[PDB]
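S.K.: Listed here are the chains, written in short residue letters.
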Amino acid sequence: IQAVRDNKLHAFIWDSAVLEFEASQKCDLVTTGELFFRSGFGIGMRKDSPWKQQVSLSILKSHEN
Amino acid sequence: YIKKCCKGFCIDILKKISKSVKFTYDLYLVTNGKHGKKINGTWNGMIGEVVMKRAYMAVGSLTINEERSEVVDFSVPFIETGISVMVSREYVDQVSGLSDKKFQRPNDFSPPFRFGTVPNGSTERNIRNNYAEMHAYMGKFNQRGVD
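Here the protein sequences come in this chain order: A and D. Under PDB author numbering, the first residue of the first sequence is numbered 739, with each subsequent residue one higher. Taking PDB author numbering, I'd label the letters of the second sequence as residues 452 to 540, 658 to 715.
Hints listed in this document are in silico derivations from the structure and should not be mistaken for laboratory results.
Label-pair ranges, simulated between beta-carbon atoms:
| no. | chain 1 | residue 1 | chain 2 | residue 2 | range |
| --- | --- | --- | --- | --- | --- |
| 1 | A | 773 | D | 676 | 36 to 42 Å |
| 2 | A | 772 | D | 471 | 24 to 30 Å |
| 3 | A | 747 | D | 471 | 35 to 41 Å |
| 4 | D | 476 | A | 772 | 30 to 36 Å |
| 5 | D | 527 | A | 788 | 17 to 23 Å |
| 6 | D | 479 | A | 772 | 35 to 41 Å |
| 7 | A | 765 | D | 659 | 20 to 26 Å |
| 8 | D | 659 | A | 748 | 29 to 35 Å |
| 9 | D | 489 | A | 748 | 51 to 57 Å |
| 10 | D | 659 | A | 788 | 42 to 48 Å |
| 11 | D | 708 | A | 756 | 39 to 45 Å |
C-beta atoms are modelled at their ideal positions from N, C-alpha and C, and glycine is treated no differently.
Looking at chain D on its own, in the form it has when it is part of the complex:
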């Protein structure tokens, strides 16, 4: 119940957005989770909020997964999103591919490749969706924190 200012690209997209749209904007902030993921019976996050209609108008931009797609009425893409991984410094290394065993079983591979997401990582859930081998390598690769 405390007001704290906001900024950012998507925020501005909301500025001009509701502006031409003519919809009075009430901007709040979120507590649990990032966007949302089904926890046990429902989404663990703002996906649940607007899903519970705790927000009649959802905020933020994270590409809706098939789960997030079927969650409820979803917005259109504001910009192209995708999976990726940081690469320190040509290059040409990678591992093999996204779901490939060099990434998926990198500890099984001689050189380890450890990269992952935070708790209930959205892209990780996509991997959890896509391939669970790296989700095991996530045991070695589990990310925590952004910066």
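Only chain A is shown next, with the shape it has when bound in the complex:
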């Protein structure tokens, strides 16, 4: 982000989502319009956890609510 706003280089590869977040706060950078590797956020999940179904359907409500 530093050298980006500094424009010491052509463009900056980053999370295009997070790019939209940064372009939101500061528009001094023009992000591309391309589409690649679009997934989403995450949380720590290791093997068996009540967060398996709890977090799964929990997300189902998250978008659902």
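Assemble the complex: chain A is given as a structure, and chain D must be docked to it using the hints.
M.R.: Only chain D this time, still in chain A's reference frame:
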């Protein structure tokens, strides 16, 4: 009990899918409903089928709702899905928002906004889940058929 050929994006995803996966594909077609929705005691559709294990491997892609989530073991998203509505032809009209009264009570509003889904509309059930005001406006807005 008659064979009829198939195609489509998700179908191809199955082609390469089972291909690398190495799982011999038996492709059938469905009769009742679209995907499925709890009818009275169970899903009204292929959700019930694979749920009844009428399909050990479920086919098709429709984003699983929380109901469809808790239904049974579900696949991962193949692509991002979502709700929407067609807009004829700037623009900037809409109504107000998804569950907003301009959509939810559009007949109550001066200009009517009538848009909806077909019988047991999946996105409509989501609305039926989300907000029933438009589900009443669906009385004015009830869709039938796709094209």
